[PDB]
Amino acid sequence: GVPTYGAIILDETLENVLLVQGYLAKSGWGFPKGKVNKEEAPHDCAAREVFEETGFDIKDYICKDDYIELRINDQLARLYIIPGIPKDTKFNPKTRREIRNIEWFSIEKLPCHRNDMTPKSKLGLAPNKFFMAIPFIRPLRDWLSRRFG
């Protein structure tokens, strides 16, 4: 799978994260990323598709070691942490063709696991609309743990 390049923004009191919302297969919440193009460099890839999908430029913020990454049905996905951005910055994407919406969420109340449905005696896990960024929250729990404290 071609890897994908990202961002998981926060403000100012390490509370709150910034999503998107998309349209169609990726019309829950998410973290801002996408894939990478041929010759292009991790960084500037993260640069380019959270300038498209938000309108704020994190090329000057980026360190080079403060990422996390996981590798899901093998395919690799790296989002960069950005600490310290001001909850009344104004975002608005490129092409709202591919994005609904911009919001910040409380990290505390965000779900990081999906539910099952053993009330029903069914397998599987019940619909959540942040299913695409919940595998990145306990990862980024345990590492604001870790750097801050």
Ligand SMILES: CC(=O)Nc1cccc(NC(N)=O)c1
Contents of the next structure:
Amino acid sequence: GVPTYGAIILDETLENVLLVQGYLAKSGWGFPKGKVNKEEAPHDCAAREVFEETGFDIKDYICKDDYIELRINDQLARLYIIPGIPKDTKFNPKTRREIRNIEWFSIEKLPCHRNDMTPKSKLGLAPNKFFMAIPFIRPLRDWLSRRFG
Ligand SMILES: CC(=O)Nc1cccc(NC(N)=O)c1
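Alt. form solved in complex with the named molecule, vs. the form solved without the named molecule above:
After this comes the whole thing, all chains and molecules, with the earlier chain placed first.
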């Protein structure tokens, strides 16, 4: 798959993260991110996708070594960590045929896994609107503990 880049934006307290809600297949909440263009650098792709989805320019805040990267089904997603963005920032997508809403979420309240259906003796996982964010939540909490404590 084509690599994706974007950002985990935190507020000044480090207890809230900025998620975006798409439509259709991307109907749930997830971090702002998207697919790299041919010949586009990782930092430039992250900033472009975040600016398209939130209207906030991370370019001057990106740190090269500060990111979480996961390989999911043989597609690589790298989110640059961007702390200290004030919660009263005005976020507006460029692309409202693509983004329904933009909200801050408490990191401690977000799930880091889906719930099974063991009460129903059925296999699989129950739907969760944070599906696209979930894989990054534990690595993020671990990264924030290492970096700040
Ligand atoms: C394209 C990309 O960034 N990969 C990604 C990111 C978050 C969650 C999932 N989860 C899944 N599709 O199963 C995949």
